[PDB]
Each structure stands twice: as structure tokens, then as C-alpha cells.
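Student: Here is how the chains run, residue by residue.
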Amino acid sequence: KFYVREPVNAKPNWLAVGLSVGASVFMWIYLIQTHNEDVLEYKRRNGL
Amino acid sequence: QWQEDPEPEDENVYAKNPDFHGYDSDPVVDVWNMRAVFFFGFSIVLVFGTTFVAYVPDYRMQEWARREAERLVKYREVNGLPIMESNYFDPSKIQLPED
Amino acid sequence: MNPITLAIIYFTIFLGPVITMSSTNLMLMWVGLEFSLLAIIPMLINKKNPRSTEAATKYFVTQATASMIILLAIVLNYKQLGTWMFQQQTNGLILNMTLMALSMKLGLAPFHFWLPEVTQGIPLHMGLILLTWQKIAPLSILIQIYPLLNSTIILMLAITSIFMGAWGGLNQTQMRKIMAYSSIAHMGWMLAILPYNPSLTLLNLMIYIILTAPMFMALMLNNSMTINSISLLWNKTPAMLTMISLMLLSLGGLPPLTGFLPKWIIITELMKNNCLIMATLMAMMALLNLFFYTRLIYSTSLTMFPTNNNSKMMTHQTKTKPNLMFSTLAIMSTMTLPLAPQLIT
Amino acid sequence: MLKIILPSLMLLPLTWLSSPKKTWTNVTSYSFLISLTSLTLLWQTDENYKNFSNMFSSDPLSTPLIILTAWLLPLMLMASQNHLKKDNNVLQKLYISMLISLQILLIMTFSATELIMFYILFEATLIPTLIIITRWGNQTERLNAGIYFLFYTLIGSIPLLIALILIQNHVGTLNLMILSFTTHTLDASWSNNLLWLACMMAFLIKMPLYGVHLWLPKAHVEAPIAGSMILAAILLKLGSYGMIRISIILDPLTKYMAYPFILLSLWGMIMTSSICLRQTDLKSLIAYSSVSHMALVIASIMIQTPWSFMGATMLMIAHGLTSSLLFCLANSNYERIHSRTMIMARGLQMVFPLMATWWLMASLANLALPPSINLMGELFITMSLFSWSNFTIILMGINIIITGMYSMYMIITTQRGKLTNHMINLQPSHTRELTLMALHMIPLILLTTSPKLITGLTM
Amino acid sequence: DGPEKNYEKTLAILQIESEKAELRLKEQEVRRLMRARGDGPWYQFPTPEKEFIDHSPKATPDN
Amino acid sequence: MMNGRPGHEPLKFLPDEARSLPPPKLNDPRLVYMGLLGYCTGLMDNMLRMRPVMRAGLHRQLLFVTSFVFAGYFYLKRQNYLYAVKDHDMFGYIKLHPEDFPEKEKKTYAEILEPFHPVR
Amino acid sequence: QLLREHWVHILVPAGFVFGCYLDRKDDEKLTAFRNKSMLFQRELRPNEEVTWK
Amino acid sequence: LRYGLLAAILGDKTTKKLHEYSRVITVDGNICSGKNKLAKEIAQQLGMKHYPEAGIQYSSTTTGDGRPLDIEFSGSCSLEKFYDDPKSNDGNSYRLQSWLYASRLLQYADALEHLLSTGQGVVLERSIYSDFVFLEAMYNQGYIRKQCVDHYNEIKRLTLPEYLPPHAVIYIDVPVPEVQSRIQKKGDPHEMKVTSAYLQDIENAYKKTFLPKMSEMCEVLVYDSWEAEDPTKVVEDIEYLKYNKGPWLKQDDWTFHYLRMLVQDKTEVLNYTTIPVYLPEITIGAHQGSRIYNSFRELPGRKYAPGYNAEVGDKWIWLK
Ligand SMILES: CCCCCCCCCCCCCCCCCC(=O)OC[C@H](COP(=O)([O-])OCC[N+](C)(C)C)OC(=O)CCCCCCCCCCCCCCCCC
Ligand SMILES: CCCCCCCCCCCCCCCCCC(=O)OC[C@H](COP(=O)(O)OCCN)OC(=O)CCCCCCCCCCCCCCCCC
Ligand SMILES: Nc1nc2c(ncn2[C@H]2C[C@H](O)[C@@H](COP(=O)(O)OP(=O)(O)OP(=O)(O)O)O2)c(=O)[nH]1
Ligand SMILES: [Mg+2]
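Chains as they are written, first to last, in the entry's author numbering: chain c, 1 to 48; chain g, 23 to 121; chain N, 1 to 345; chain M, 1 to 459; chain h, 81 to 143; chain d, 1 to 120; chain f, 5 to 57; chain O, 1 to 320.
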């Protein structure tokens, strides 16, 4: 124990860490899926 | 009076480092900075860059323009043509206004 | 304030402009304006000091008079056309009264005399709420009737707004008054581009909001109400000087900041509509605005004003005040010029 | 152009990620490599222009300015890394970031193919030099100098923006080659005269023209050494480059509209050379010499002769090199004696022989000793001006006489004479600053050896 | 790579910029014509909604 | 000016006609700059909260970059749709009114007489 | 540990390689007049498919 | 900060957590008059938290590692230098007085936060309400000047009415010759160089301003030394005290909530102690300020936020 008072950031907020990492992963996965679907829809609409 | 720090006096930097090169206080970083400045500034820029610029060929068509001028001079002198026509453009392809 | 009245007052503050923007009826737009004014008065007078009382009183009587003129215009239009919307053939007198009353509600010159005084004497968060949220609904009302307005009166209001905002910001040292005159100048720009392209009015409004929000947050970090108070920021929060300088330069419209984009595209549209004299005069007064911003930058960032002895104890203490949304708004108001075709429509 | 722009951009993460004991070394070495990369723009084996992309292109006029900027960045770092030894690490890295951002934005400005992007990068270059002057300047008057510089430039540049938007509305693209090909002759009305003044006054302010030159001496005096170098060696030339770029669409009314500015340039170069004769501040003397040389450049660009354009380009490059060298020598004396008084340090030839040699060579470059590119530019400007009117030779001759006079007066009063023996704090020499003088003088020698590189657009 | 690369790149750039200039001028003319006499998609100013009108029989027959 | 066009769905972010447009390439300078802005936002947030600038809050920096790229992608798709429909309306109006947009005949540089202004 | 302590020396060369790659991307973007210029309109040699890359 | 409007709504009511000994009791007296022992025993046998007198190093001991920092970090003022030369031309006296007032303000905020958060009472030694006695003694002895007095009064006006006064004010009346004798017996060479005029100014400031002003809004417990020097009769009086006056009666849950937020935001507490009034005794200047600030930032455990300093053993930095 270094600080005389326990800091609010002594331990990582695990709920916030898990929620932020899960949100980042979900957004990347959804972004890749919707990009692939947009590519496929563009190909299907323009006959390519 | 307001609690202001006094004026700092510049010490003789050569007193503690007689081989000072102007770059940094400690000698090792100073001498490596000197070597980097000389090597990357003089050795590989003022020499290799100078050589590259010197061996850029036909810079803005100097020697090509000279050779083409010599060829045209030979052609127009053996064919009796004028060296330079007074009109750059042929008058046949220029439509002058009627009035 | 107990959370019940906090929820009621903040929900009505939110609901005012929302009703105004979503309303087809002029009467419902007017009652949205009434909602905004009535709900924002108690939070203005919340600190219960004489200055807050005077600010609340001045704001109340000004907005009440302007709302009565708005209601006169609405009733006269209902008399003339039988409907509750200025459609196409409403009287030019009615439209000019609507424009004049909405400009008095907005706070642009020569109806601007209350805005620095109301912005003074209220807390910084209420100044932020005023200078950002309270201008959306009158601007929405003006945007809905853009082809009907009078370009001559609008341009006169805009040019005097930018002139008086530049001169007031040049004179003032109080940060709230400086931000209020900044609001007057930017409202002048928005009004200037209003009859020609309201999309640029919305763009300038959004740029001004995302520039004004973190400047007020940085003021809210230490309750720095003065030039000197923001000048000793290097001892308190040294990490904010660069973002303060960048946001003030963006407010000045200097390239390559994204705050140059609204002035640039507004000038471009005015040049397309052949109002070169107005555009040039507005640009010169914008240079004057940039001058008082630059003097502020000199005070807070580029030089280092003398500090106090108790600032050592303030550095001993730790703070958690700057929120997560400060840096996002600062970056989006600083480094977004290369996305200009996306920012415009 | 992207192969020069991208690693100059990557210099900033290098600056902020390097160790504090390695930051200067790494940034200096990689900026030297950046300059060596920038030397590939001289590969011009054709009459065409190196249009690299839709927004970046190279020119026989733009190329020497880009190479000079890329060469001046490491020299600025070497010049400025001595007065920042008693400085915080994050402030040192911020100063290096300001210099790198200046170099990046100036390279983009010179390589721009579109005038609105040119104006955006113009103001983008206006910002960090103001930051440098205001934050790292020495005396009290740096704030007033920064205000004067910033608002002279801004009041100049606002009608330039209005004029550029007008020309864009009239033509359609505001692209340099499209304007150069589909140039239309103006009908010489009052509106066109005002349009001409609007698109020329910004560049005339930043040149600077006489009468509006008042921002330059105080800005150069109050600026730090790197700021003075970048100002006097790039930004005035940026104004001249803007004048050359925008003058192509101003025919024919520039022929009579150039008259007040030519007179202002000639009489102002005489007046500023006289001020150099009677000036008590060394940096002020160098600044007013810069004003006179840029007045010569203004006159050449106004008279619009191919000889004038070539002399303008050669004088731009030569004056940038020699003015940066003079500022660096003056800064070496300022870091010695902590004063800028002209007459305070006198017998410096005795204590600093090699630095006196650098002083002598810099002054001989300043007074246009043949066969240097300084004399090449000045001589061809004189030839074009005499072709324009034979009576300009009187003003040219007076300016040349006073130029030699103030240069040799500077040499005599700073090096020759008895030594001020009270100056006990005369450290011998820094290898860093001697290297800086050498890195200024050697490119002057090489461009003297091959003057075909900096002839410019016309020849 | 040789001069033909730069030559043809310059040709492509000039074609792109000339097309962009012509498109911008045409856009200005289109906007001016639509604002003067709105008959295209743009500048369609609003109008009271037709579907909110009573058509049922009323008390007074003279409607 | 384009809000009153026929077939305009109210408060519709991406209408179905936008599906005809090619999507952004997902590695393009606009989205790369958006991710760079998100990373810079995370670094600036750390510096203002007096944390280590880069080695602190890796999840926070990842969330900033991810959210910036996500919002930038969808906003960029919307702006691409808006510019596409603007050009579509412009070309359609030009085709509908050809008499107001006549094809002017540009003569060659042999029948026009540009006045020559000598520089001397 | 040299890769850990000298990783900062690859940023500028990486930027140089990336700039060269982006220049190549612009070159292959601007190919609307490849072997279509009236000055350099030549017939393709049988062992080549483009005049320049 | 964990506490907020959300925590108040979920239920953190101060009035719910109060009890009969949730009192603020401030012990006051002269320079050396039975004050440290009495407060200790009162807190010990009433189950309250004892706050000793806020010295120069109070913020240093309550922040960071808790070690006393260097003097240039902690106020740059010396009590021993004040005792040796009270009329020194550098301005040590008013710098010391303003720094001690700021330290007392921080301690009062800490005690109020503790009382509103846990419900335990606090026994302070010589809180902010009894520091103007030292200010007026310095002024009447000519040690400081009228501009310093006006600056102190402005800071006191800006800071003092935002908080609540103590429930009980105990005073120890010890005469000036007895104070002098106790100072001689203590044996501090610097503290021995004080003047009976200064001590009498302290006592006069007490009796003329502090006692009636606290009498009009809280319970006053003047005792002699013999009524003191036995901390059980005082505790019995505190037990049979009836608090029927003062602004503590009108406080409710939301007033307590806003007060708790104010006293838990420590920069908001010390905001007005750093007003930009450029008084030469307290203003410093850019060069000295930068040197001191950079040295304090390169102090161990002070470079980053608490919990983010890896050199003192903080972990999981990359996950927070
Ligand atoms: C650094 C110097 C600053 C001051 C001098 C600046 C230039 C002075 C000369 C130009 C006029 C002012 C700038 C106009 C910019 C646009 C020019 C243009 O497009 O012209 C064509 C246009 C004309 O438009 P047009 O070209 O479409 O004309 C139509 C013509 N027909 C119909 C035939 C097709 O000119 C203008 O619109 C000029 C109006 C200017 C009115 C405002 C002037 C304000 C004051 C200016 C100076 C302010 C700063 C200095 C203050 C004092 C400091 C000591
Ligand atoms: C382009 C913009 C530049 C902007 C500033 C750049 C600064 C950074 C520079 C980095 C390095 C780049 C160097 C650029 C110049 C290169 C000089 C060079 O080598 O030029 C080529 C030249 C041969 O070229 P060539 O074609 O023969 O010349 C024309 C004849 N038709 O080669 C030669 O003639 C050989 C040259 C090297 C050999 C030594 C020469 C010594 C000369 C001594 C002169 C002494 C007198 C000087 C008097 C000065 C008075 C002030
Ligand atoms: N000038 C000045 N001195 C102060 C101030 N506050 C405390 N002191 C000094 C007086 C004493 O020399 C020293 C310790 O204060 P105390 O009153 O606690 O004295 P001490 O502990 O020696 O005795 P005691 O607590 O009475 O038993 O601090 C203040 O505001 N101004
Ligand atoms: Mg004690």
C-alpha cells in the first residue's frame, strides 16, 4: 500500500473492461458482416 | 516582492566536458549526435545527393534540344530552307477574319 | 433540487425544442418555445444570488416579449390565411415580425444587449445549456420558413450581429461575456447563410455547438470566469493548454481547423449568390473575432502568467472532473477539416 | 510527393516515441534522409511537369522550394537544439513537432495543384510559426510581433480567399493547369482591378511589400533562431511563389496595375538598405536586408519578363540560404553575449577565426559576389528591369552600393577592430554551429557550380 | 519509368479536372433554374396536406 | 434543398436505393483518418485524465477507435448516397430540360482572334 | 532486446515504403490514357501488355 | 467519485445515517493551552474521529504517500522563520497564514466528508472559524499589511459560508503569562521568541469576535485550565448538550447531498483559495512555478493519477 487513501482506480473496473471489449468486438464483427452483405447486395443489384 | 526565481547563469560547458561538440551535456550522446549529423548530413546527402543531381541526364532536355537543333540546322542548310520561318504557324491553317 | 424536480425541469428543457422541431403547427412550435423558456428559468436562478436573479428577470422579460410578438405574427397569419403555418402568401409584415422576434429570442444584434448580461451571473453549465440548446428551436423555426424571409433585413441583422459580436468580444475580459459575444457573431453567420442554404446554417450550428461545449467544459474544470483565472491554467491543468489553443483557433476560423469550414462554405454560398460586399465585411469582422480569441490564447497558453501559493495545494489534490465526452468533442471540433465533403451535404 | 510527405508525417511519432536522450539524433538523421529523398524531384528529363497525383505536382519552380524546405528542417533542428538544453522534454518534443509540421505543410503548399488547397496550407503554415514566435521568443515584444505577423497576413489573405472563390465560380475548378490552359483575358474594368488587388495583396503582404513590411523586422527579431530561419528562407518565397502562380490569369491588366508596386519595391529597397546602414540591431539589419531582396523579387515578378522570373527564382533560393546563414551566425553571437546590439561585440575575428571566415563568406554572398547565384539572380533582375525601363538602373545602382556598404559595415563592426576584452564568456566554438554554417555555405557553392537547377519555369 | 507515364498521367488528371469543372458549372445552372422555377426534385417548398380534408357529408349542404 | 424531392422517406438514414451504391472499401483514407482520430481522442483523454498516454486504458482506446470507425463507415455510406442522388437529380433535370442546356459549339483556335498583349 | 529498444527506427522507413505504395496506387488510378496519348500512341510489343505500370 | 446523484437516489441518506454523536466539535485555545490532549480524550471517549491541528504539511500527509514533502512543495512557508523574524520583507508571515487557512479548509472538508459519509462525529483542533484570530494578531502586531488582511477576508468570504459550522465550540481560556510559562517549559527555541503583545492580540481576537459569533449559531463551552486538564467534565457537558440553534436544524437529505458533493470535490473546495488576486506575498511567477511544479511531478507517485504510477507498484494500468 503506497497511497494513504485507496484510489478509485486501484483495481480495474472489470465490468467496464468486459463491456468495452465486448462492444468493440461486436462492432467490428457487425461492421465486417454488414460490409460483406453490402458488397454482395451491390453485386446483385448491378449484375456484377 | 513576489517569490520569483533568480536569473540563471550560463556556465562554461567546456569546463566539465572539454571535448564538447555543441549537442548534448553528457559526452556520449554529444559525440553520437555529432557523428550522426556529420554522417547523415555530409556523407550521404552532400555527396550521394550531389552525385545523383550531377548524373541526372538530359535535365529539362538540354542536350536533346541541342541535338535536335543540330539535326534541324543540318537539314535546313542542305535543303536550302530558312533556318527559322518568320511564322511559327502555317498561314494556310489560320482563318483570318474578313474585316 | 431534489431528483423529482430535477427530472421534471430537465425533461421540460429537453421537451421544448423537441416539440418545436417536431411540430407542424405554429401554435405547437410557440408552446415549445414557452416550454423552453419556462423550464430554463429556475435553473438560471438556481444559485439564488442577486446577479442570477437579475439575469433570470432580464431573460424572462426579453423572451416573453419576443414570444408575444411571435404569437402576434401567428395570429395575424391565421387571420389572413385561415391556417396555422406561413405557407407561401402570408404578409411580408408578418414574416418580418416573425424574423425580428425570433432574432430577439436568439440574441443577435441589435437585439443582443441582454445576452452577455444573462450569460454573466449564471453558472458555467447553465451558460453552456443556454448558448447551445436554447438556439436550436428558434433556428428550426427560421429554417422552416427560409424561402419566405426577407434577405435585406436578414443580411442587415447578420452584419450588425457579426460587427457587434466582434467588438464586444474585443472589449470583454469575463469568459462568459466573451462566449456570449462569440455566440452573437456565430449566430450572425448562421442568419447570413439562412435564406440561401439552411443546410449550411445547420452545419455552422453543429460546428459552433461542438466547439462551444468543450470550451465551456474546460472552463467548468476550475470555474475560471476570468482571463487571469484561465491564465493560471498551466499550474492547474497543464495538459489542456494545447486543446484550449486549438479550440480557440477553430473558433477563430483558422485553417486547417474544422472551424474554418463553416465560414468558408458560407462565404462560398454567398459568392454563389453574389453578395460579395457582405461576405467580405463578415470575413473582416471574423478576423476581429479571431483577434480576441488570439489574445485569450496569449493569456492562457503561449505565455505563463504568475501563479499563487495555494496552487501547490491544488496540485496536491487530484481531480476526476473532465468527462469522457470532452476529448471526443475537442478532437471532432479540431481535426475534422479533411472530412469537409462529408460534413457538408 | 507522397513518398516525401508520409515519412515527414512519421517524423512526429518518431519525435514523441524516441527516448529523451535520442530524440534530437533520430529526428535530425531522419530529416536529413527526408531531404535526400526530396532530391529525387530534380529528375526532370523532359519538358513536362511531374504531376504525381490529382492533388500533388512538381515544377521547376516548386522543386527548389521543396528541396530547400526539406534541407532547412535538419538545419533548424541543429540551430535550435542549443537554447533548449535547459528545457522540459515534452516542450522540446513540442518544439520539434512544430518545426516538423511547418516542414510538412510547406512541402504540401509548394506541391499543391489547387489554389484553395494552397490557401488552406498557407494559413496552416501561418499557425505554428506564430506558436513558435510567441512561445519560445525571448523579449516581451514577441507577443506584439506575433500579433503583427498574424494579422498582416490574415488581412492580406482574406480578400485572396474571396478572389479564389470568385475565380472558382467563374471558371469551375480552380486547378492550376486548367487555368493556365483556359486562361481568359480580362476586360479591364473596376471589378477586375479589385479582383487583381484581392488576389495579389496577400502575397504582397507576405513578400513583404514596402509600407506593409512592418511585421517582418519585429517578427524576425523576436522569433527564435529556427523561426527566423523558416520565415526568412521559406515564407517570403511562399508569397513570391503564390504571386507567380496567380499572375497567369491576370492578363492584361497587370501591365498597368503593376506600376505602384514596382515603384514601392524599388524605393523601398533603397529605404531599407539605408535602414541597414543606420540600424543598431543585427537581426533587424538582416531583416531589412531581406525586405530589400524581396523587393527586388517583387519588381521582377511584377514586370513579368522571363529573365525576371529566372532571376526571381535564383534570388529566392540564394537569399533563403544566405539569410538563414546570417541569422545562424547572429544567433551564435547572441547565444554567446546574450545581446543583439550591433556594436557591442567588435573584435570577434581574433577569438573566432573560422566563424569569421563563415561571416565573411555569408556577407560576400549577401552583397552578391560573382559567380554566386545571388549575383545571378540580382543581375538578371537588373537586366529585365532595364529592359522594362532604362531609368531603373539608377535605383538598382544605388541599392547595390548601399547593399555592399551595409554588408561590409556589418563585417567590420562585428569581426574587425579591437577586441571587446571584457566579454569573458566567449566559448571557443561549437562543432554543431560550425557544422550549421558549413551546411548553409556548401549548397550555395554547389548551386553556384550548377545554376541550371534553380532557373525556374521560364528557362 | 519514362516520359510517357507522366505525360499520360497528366492527360488523365486534366480530363478529370475538366469534367469536374463542367459538372460544377452545370450544377450551378441547374440549381439556379430550379430555384427560379421549381419543377425538379430540389427546392420543393411545402404545401398543406391533402389527406387531412373532410369529404364526408356535413350539416350544411353548401360545402 | 433535396429534402422535398419525390420519394423522400422522412427521417430515413439509409434508404433502399442506397443499397445500389458500392459500399466504402473499409480501408480507405476517410475511415483510416476516422480511426486515427479515435486513437488520438483516446490518447488525449488519457493525458487529460493524467494517465499514461499510450500504455493505459487499452480497452478504452480500442473502443474509441472501433466506435469512430463504425460511425464513420455508416455516415460515409449515407454521404455517398446523398452525393449520388444529387448527381442523379442533376442529370435527370438536365435530360428533362435540354433546351435550357444547349450543347455549345467550341470553335478551334483558328477562327477566334485572341487579342495579343505584348510584355515589353 | 535490440528490436524492443530500437523499434522506433522503423517508423520513418515504414512511412517511406507506404508513401511509395500510395504513389503506385495513384499511378494505377490514373491510367485512363495509358497508350492512348496522341504523342505516344504506339503498337504494343507481343511480350508486353501495358506501356507503363 | 463514487458518490453522486445516482448513489443518493439508490439511498445514501445522511439523515438516515446520523445519530446522537454525529457532531462537529472544534477545540480552540491559545498557543500552548491544553488543546491537543483535550480533543484526543474527547474523541476517544465519545467515539469520534480526532483531527489534529492542520499544519503546513497537512495536504502532503493526506495525499500521495503521506510523507511530509519538501517545503517548496508545501507552501514555501516556515513557522520557525515566522517566529524568528515576523516582519521579514519576503512575506513569510502572510504566506504562512494563507497556507494554514487553506490547510484548515482542506481538513474541514475532509471532516465534513467523513461525517456525511459514515455518520461518525469529528473533533477538530482549531478549524477555519478560529484562524482569523491569528490573522488579526499578525495585523495588529504589524507583521502583515492591510492588503494581506483584505485578501484573507475575501478568501474567507468566498469559502467559509459554503459549509456548516461546528455543532460545538469548546474554548480553553488560559491567561497570557500562563501561556508564556508553558511556552518556556516546552523548550522550543523558535517558539520561545514570541511576544506577549501577540499572545494578547490572539486572546483579544478570541474574546471579541470568535466567541460571540459562534455563540449566535452553536454551543460554546468556555473552560478554564482546571475545568480542563480533566477531559471528563467536558465530555459530560457535551453529552448533556442540547443543540437547538444553528443551520444544522434546517438541513435535509438533499442539502446534505449537495454539501457532500462539494466537500468531496477537493479542487472545488480549494477553488477560491487560488483566486488570481496578485498579492506579492503569495504570487510566485512563471519560472519558479514551473520549476516547483516539474519537481513535484517528478516526485515518486505524483507523475500520474493515483493508481496509475507504475514506479510505486500500481498494476493493471493497461486495463484501466
Ligand atoms: C492587405 C490589404 C488589405 C486592404 C486591401 C485589400 C484589397 C483592396 C482591393 C479589393 C477590394 C477589397 C477586397 C475584395 C475581395 C473580392 C474582390 C473581387 O472579387 O472583386 C470583384 C468584385 C465584383 O464582383 P464581380 O467581379 O462579379 O462583378 C460583376 C461585374 N459584372 C456585372 C460586369 C459582370 O468586387 C467586389 O465585390 C468588391 C467589393 C468590396 C467591398 C468591401 C470592401 C471592404 C474593405 C476592404 C479592405 C478591408 C481591410 C483593410 C482595412 C484597413 C486596414 C488599414
Ligand atoms: C535544386 C534546389 C536546391 C535548394 C537547396 C538544396 C540544399 C541541399 C543540397 C543537398 C545536395 C544537393 C546538391 C545540389 C547541387 C548539385 C551540384 C552538382 O553536382 O551539379 C552538377 C554539376 C555538373 O552538371 P553539368 O550538367 O555539367 O553542369 C551544367 C553544364 N551544362 O557538377 C559539378 O559541376 C561538380 C560539383 C561538385 C564538385 C566540387 C565543386 C567545387 C566548386 C568550387 C567553387 C569555388 C568558388 C565559389 C565562389 C562562391 C562565392 C560566394
Ligand atoms: N502564526 C500561526 N501559528 C500557528 C497557526 N496555527 C498554529 N500555529 C502554531 C502555534 C504553535 O506554535 C504551533 C502548534 O499549535 P498548538 O496550538 O497545537 O500548540 P502545541 O501543540 O504546542 O500546544 P497545545 O496543542 O496547546 O497543547 O503552531 C496559525 O494559523 N498561525
Ligand atoms: Mg497541539
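Hints listed in this document are in silico derivations from the structure and should not be mistaken for laboratory results.
Worth double-checking, as some hints may not be accurate.
Pairs of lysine to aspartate or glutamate residues, derived as EDC-like cross-links and limited to a Cα-Cα distance of at most 16 angstroms, are as follows [what the hints assert, rightly or not]:
| # | chain 1 | residue 1 | chain 2 | residue 2 |
| --- | --- | --- | --- | --- |
| 1 | O | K242 | O | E216 |
| 2 | M | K452 | g | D80 |
| 3 | f | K57 | h | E109 |
| 4 | M | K3 | f | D30 |
| 5 | h | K100 | M | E47 |
| 6 | N | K177 | N | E269 |
| 7 | d | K86 | h | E129 |
| 8 | f | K33 | d | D28 |
| 9 | M | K21 | f | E9 |
| 10 | h | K85 | M | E114 |
| 11 | c | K1 | O | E162 |
| 12 | f | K57 | h | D81 |
| 13 | h | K85 | f | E9 |
| 14 | M | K85 | g | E31 |
| 15 | N | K321 | O | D265 |
| 16 | d | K104 | h | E102 |
| 17 | M | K3 | f | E9 |
Student: The structure should be examined with respect to each hint, and the outcome stated for every one.
Tutor: Here is what the structure says about each hint:
no.	hint	result
1	O:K242 to O:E216	holds (14 angstroms)
2	M:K452 to g:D80	holds (12 angstroms)
3	f:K57 to h:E109	violated (40 angstroms)
4	M:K3 to f:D30	holds (12 angstroms)
5	h:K100 to M:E47	violated (26 angstroms)
6	N:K177 to N:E269	violated (30 angstroms)
7	d:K86 to h:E129	violated (26 angstroms)
8	f:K33 to d:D28	holds (14 angstroms)
9	M:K21 to f:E9	holds (13 angstroms)
10	h:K85 to M:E114	violated (22 angstroms)
11	c:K1 to O:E162	violated (34 angstroms)
12	f:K57 to h:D81	holds (8 angstroms)
13	h:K85 to f:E9	violated (42 angstroms)
14	M:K85 to g:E31	holds (14 angstroms)
15	N:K321 to O:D265	holds (9 angstroms)
16	d:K104 to h:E102	holds (12 angstroms)
17	M:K3 to f:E9	violated (26 angstroms)
This entry does not satisfy hints 3, 5, 6, 7, 10, 11, 13, 17, going by the numbered hints stated previously.
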